[PDB]
Amino acid sequence: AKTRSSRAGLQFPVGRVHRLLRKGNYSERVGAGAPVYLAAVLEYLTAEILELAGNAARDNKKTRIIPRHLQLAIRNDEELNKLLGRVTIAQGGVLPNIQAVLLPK
Amino acid sequence: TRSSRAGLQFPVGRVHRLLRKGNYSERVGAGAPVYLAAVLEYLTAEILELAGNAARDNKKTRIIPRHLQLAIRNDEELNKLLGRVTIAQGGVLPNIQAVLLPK
Amino acid sequence: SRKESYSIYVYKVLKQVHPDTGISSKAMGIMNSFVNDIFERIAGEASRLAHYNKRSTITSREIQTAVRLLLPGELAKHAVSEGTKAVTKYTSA
Amino acid sequence: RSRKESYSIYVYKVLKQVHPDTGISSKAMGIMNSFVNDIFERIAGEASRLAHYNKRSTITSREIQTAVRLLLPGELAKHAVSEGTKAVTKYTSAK
Amino acid sequence: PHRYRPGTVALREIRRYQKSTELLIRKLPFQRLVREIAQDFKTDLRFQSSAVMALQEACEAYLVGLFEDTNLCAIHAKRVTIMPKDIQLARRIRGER
Amino acid sequence: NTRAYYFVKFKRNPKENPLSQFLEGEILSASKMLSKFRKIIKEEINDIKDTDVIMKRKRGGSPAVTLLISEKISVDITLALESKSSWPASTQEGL
Amino acid sequence: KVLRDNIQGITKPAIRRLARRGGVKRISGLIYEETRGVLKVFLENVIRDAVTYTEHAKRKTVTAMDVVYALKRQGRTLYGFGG
Amino acid sequence: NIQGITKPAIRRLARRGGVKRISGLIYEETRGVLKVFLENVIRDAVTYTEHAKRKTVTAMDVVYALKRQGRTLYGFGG
DNA sequence: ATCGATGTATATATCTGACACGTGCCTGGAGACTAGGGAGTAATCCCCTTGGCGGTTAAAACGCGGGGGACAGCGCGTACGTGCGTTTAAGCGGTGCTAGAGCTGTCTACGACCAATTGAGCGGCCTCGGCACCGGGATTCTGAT
DNA sequence: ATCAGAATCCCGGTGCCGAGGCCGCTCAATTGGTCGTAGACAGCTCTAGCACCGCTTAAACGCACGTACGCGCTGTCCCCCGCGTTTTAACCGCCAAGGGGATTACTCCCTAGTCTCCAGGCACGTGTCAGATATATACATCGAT
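Residue numbers (PDB author numbering), protein chains in the order written: chain g, 14 to 118; chain c, 16 to 118; chain h, 32 to 124; chain d, 31 to 125; chain a, 38 to 134; chain K, 244 to 338; chain b, 20 to 102; chain f, 25 to 102.
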């Protein structure tokens, strides 16, 4: 295997991540395994978000993940929602949630 | 020195060493530590001046953390700068809600 | 004549997870910004961890404890598992 | 017998400038010290973000000035910018 | 005239404006408001169209996330109507000015 | 009170003076005049087809324009305002 | 061409709609003025930093990256506008 | 052992906060809130510690943990 | 409670702009060497944490009675919602101008780097004052009288 | 009002310890002097921002009316508060053990730097299908009747 990404079994670019860690001035040096690890973590997080979003899309019987579906995936999952609590998502809308007192009797 | 050249009291040399060995950028313009040392000294003079006065109100000749908290929280634009900062042994601003007062 | 992004890598991950679900353009922009956000967060945390210890290099140890500091519980555990797995494989053979 | 850095004597000198008779207790010393560290780390972090945002490799007084204008609130910002400009200008005035 | 009992149209409008995601503040008046606010900082600025749209997205997100907390405050006081004291309590708890 | 450096303000004059464009409020701006001067010189020396005359990059204001002819000649062109009026009050005891 | 008093472009039904999205079932009549004040304060606090990032870049055009950077600074990260 | 945060101590904290009259269930809720906050902060402190390959949570670790939560704390050699 | 009809949700047919895909170039990723400095590891010092204890005393815990504040119910008036008709100005398209973003070459000032050196700063040490406090006196609170 | 019983505030002598001042030394800041390059300046190009007009038409406005709901008022009760008494465990000072932090010396291997390929990725361009809407249809449901 030539490229470090395929050598690490990932899909995110280990090389691009290595460059961004170098010309980002986070430290004088960047260990060999740091880009591998960081790209693996990025890949896992984006795989989780895309999985949940795809499910949210399959719910509404659509085929394309629009931003609405990313918002539903993020908000409707406690751990992502804690990771992305201070994050507006353009066109995201809001979770459909009427307060329990406002509904008529 | 180099802090005297700028009429500062904060050490421009030390702020240079910290902007350089802190990995904020590859290069540090030689006029940056001066500007930064001046801004630090101005904010420290502001804090210590408001603090001092409060201590003098408590008829005391020695600032203690309570006085820093009184200065930082009474001033409106120092509060906004340190809005998310708790000061050890600082106490709070004497403030009883007007609804709780007797009637 | 180039512009960097993750617009294709996120698409590969998608096709790997949901083999038949497309992704809009604005949603691709969102994911492309989410990856950048998490990258800057984990990298900034690893930089803080490099200085707090008077180290100089961002090893994998630094990135690992940064992932533990940022992501909440089960995301942290799974992300650390994935990271160590990818690193170990890279070290292997 | 090492040399741990801290802004003790500096804050002390600024105090003796602004209140020639008021002392400062070691705990308030530590608080002023951590305040200097916090503000300096904020300003340099924002200067770094400015530099990288505009693809420059130098933190010049321009970046520190915009960092001050971003962090410190309104009036504090204006007066701090004036103080820094004056100091830098004076530094240029020497050789 | 035929009429639902008050509250019903408000309920269906809540349903409808929580399903959809289109921007709610009318666009052109928001562009004008942004330019008018920016004049006080640097005269004759030009606003990338997408920058104005980003400001509008952020502002609608903030007002929606403020009316959520406002509604929480109002219901907490055994009311259904939100009122300026609710908004001011929400913004005082959040930490804003 | 430097006795040698002055601000120039046009007095009343009926026939419009073509230096109006170079005003900055009531002061005639050295910067804008220099800018127009150098632009004209550059565009004119680009009309020199069979001789490489190069305008040297800006260094100050007194050596307004420095031109290089071929690879041996250098010519410093300094623009000066002329006043027929009395010598400035300060500069009397001289000469 | 100066503009003045466009805060009334955030009309009454626009704020009513924003609320209905927020979940509000019944809005008092003085919410409109307080909401316009709140929106103007927020917009000033964001556009000041947008314009500052601009001026520091020596540009004269507020890019969307400057608005996104301003929001990230205020602590309200925005996703979906590059960078 | 959370009960070490006694009823009068929560009362004193509320007094300092400006609370005039305290209900009876505030005590259990406040013990819960405090335990949550301490869980988060000590988790981050122990993370920084483990990463430094030490075994004594030092003041700088808790200061950093609080800074990371967004509650910067002046006064401990920051 | 049926209408009913308003509204919501379900089903199919059509259009079209957005996307998923197939190339061509290029530049950034990858690989092989070299070198040196950062990090690991072992040894040693000594500080600083932990534990144990005995006593004292301030604080916690407990009982109790009573009053004052929480909470429910009712009434009343206003003020907010809803529907219609009228007015306004957003949105869209289309054109047209151009101010300014963006890329590129040149060139000079400026900052990194290294070696000498010299004073500023840190640490140990010690003397004095400043704050806490105790006590006595005086004024001002809160509450029954 | 008043009178009292504390609570608080003022003023002064007093002790303790911690802060402020001094002195010695080592190490980092300063100063030249050299070199490389970042960035500034200008100049060209063309994208994109602004301005404007005219139409259509959806939304905003204004107004009228009714009723739901906010709010004040009253009544009851339970549950905090405040106080006095009994208990308990925190503080403190002291001492001992020893674990671990911090430092130093040595060595090695891991990463930066550089140069040399070359394929992964991006912009371009294109074909098509997912989704929005139209039209038609089945059913929930709000509600005054």
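Calculated from the structure, these hints are not laboratory results.
Warning: the hint list may mix true and false statements.
[Unchecked claim] Stretches of chain g that chain h covers, calculated by requiring three or more beta carbons in the stretch to come under 8 angstroms of a beta carbon on chain h: (1) 46-53; (2) 56-70; (3) 107-117.
[Claimed, not checked] Chain b is faced by these chain a residues, among others (derived, beta-carbon under 7 angstroms): (4) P38; (5) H39; (6) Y41; (7) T58; (8) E59; (9) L100; (10) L126.
[What the hints assert, rightly or not] BS3-like mimics (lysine-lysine), calculated; alpha carbons at most 25 angstroms apart, straight line: (11) g:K95 with b:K77; (12) c:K95 with d:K34; (13) g:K36 with h:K108; (14) g:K36 with g:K15; (15) f:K31 with f:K44; (16) b:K77 with K:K282; (17) d:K34 with f:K31; (18) h:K85 with d:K34.
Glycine included, each C-beta is placed from N, C-alpha and C at the ideal position.
Right, here's what the structure says about each hint:
Against chain h, the region 46-53 of chain g contributes 7 residues with a C-beta closer than 8 angstroms to a partner C-beta. That satisfies the three-residue criterion, and the hint holds. With a cut-off of 8 angstroms between beta carbons, the region 56-70 of chain g has 12 residues touching chain h; three or more are needed, and the interface restraint holds. As drawn, the region 107-117 of chain g meets chain h at 0 residues by the rule of a beta-carbon pair under 8 angstroms; below three, the given contact is violated. Below 7 angstroms, beta-carbon pairs count as interface contacts, and a:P38 has none with chain b, the closest being about 21 angstroms; its hint is therefore violated.
Below 7 angstroms, beta-carbon pairs count as interface contacts, and a:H39 has none with chain b, the closest being about 21 angstroms; its hint is therefore violated. Of the supplied interface hints, the one on a:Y41 is violated, with its beta-carbon coming no nearer than about 14 angstroms to a beta-carbon of chain b, more than 7 angstroms. Among the interface hints, the one on a:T58 is violated; its C-beta lies about 9 angstroms from the nearest C-beta in chain b, farther than the 7 angstroms criterion. With a cut of 7 angstroms, the hint placing a:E59 at the interface with chain b is violated, because the nearest CB-to-CB distance is about 10 angstroms.
Against a cut-off of 7 angstroms between C-beta atoms, the interface hint on a:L100 holds, since the closest Cβ of chain b lies about 5 angstroms away. For a:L126, the interface hint is violated, since its Cβ never comes within 7 angstroms of a Cβ in chain b; the closest pair sits about 12 angstroms apart. Of the pairs offered as hints, the one joining g:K95 and b:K77 is violated, with about 37 angstroms between alpha carbons and a cut-off of 25 angstroms exceeded. Distance check on the hinted pair: c:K95 and d:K34 sit about 31 angstroms apart at the alpha-carbon level, beyond 25 angstroms; violated.
Of the supplied pair hints, the one linking g:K36 and h:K108 is violated, its CA atoms being roughly 29 angstroms apart against a limit of 25 angstroms. Among the hinted pairs, g:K36 with g:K15 is consistent with the structure: their alpha-carbon atoms are about 23 angstroms apart, no more than 25 angstroms. Taking the CA atoms of f:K31 and f:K44, the gap is near 15 angstroms; set against the 25 angstroms cutoff, the hint holds. A C-alpha spacing of about 23 angstroms is found between b:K77 and K:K282, which places the hinted pair at or below 25 angstroms, so the restraint holds.
For the suggested pair d:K34 and f:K31, the alpha carbons sit about 43 angstroms apart, so the restraint of at most 25 angstroms is broken. Taking the CA atoms of h:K85 and d:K34, the gap is about 13 angstroms. The hint holds against a cut of 25 angstroms.
Taken one by one, the earlier hints fail for this structure at numbers 3, 4, 5, 6, 7, 8, 10, 11, 12, 13, 17, listed in ascending order.
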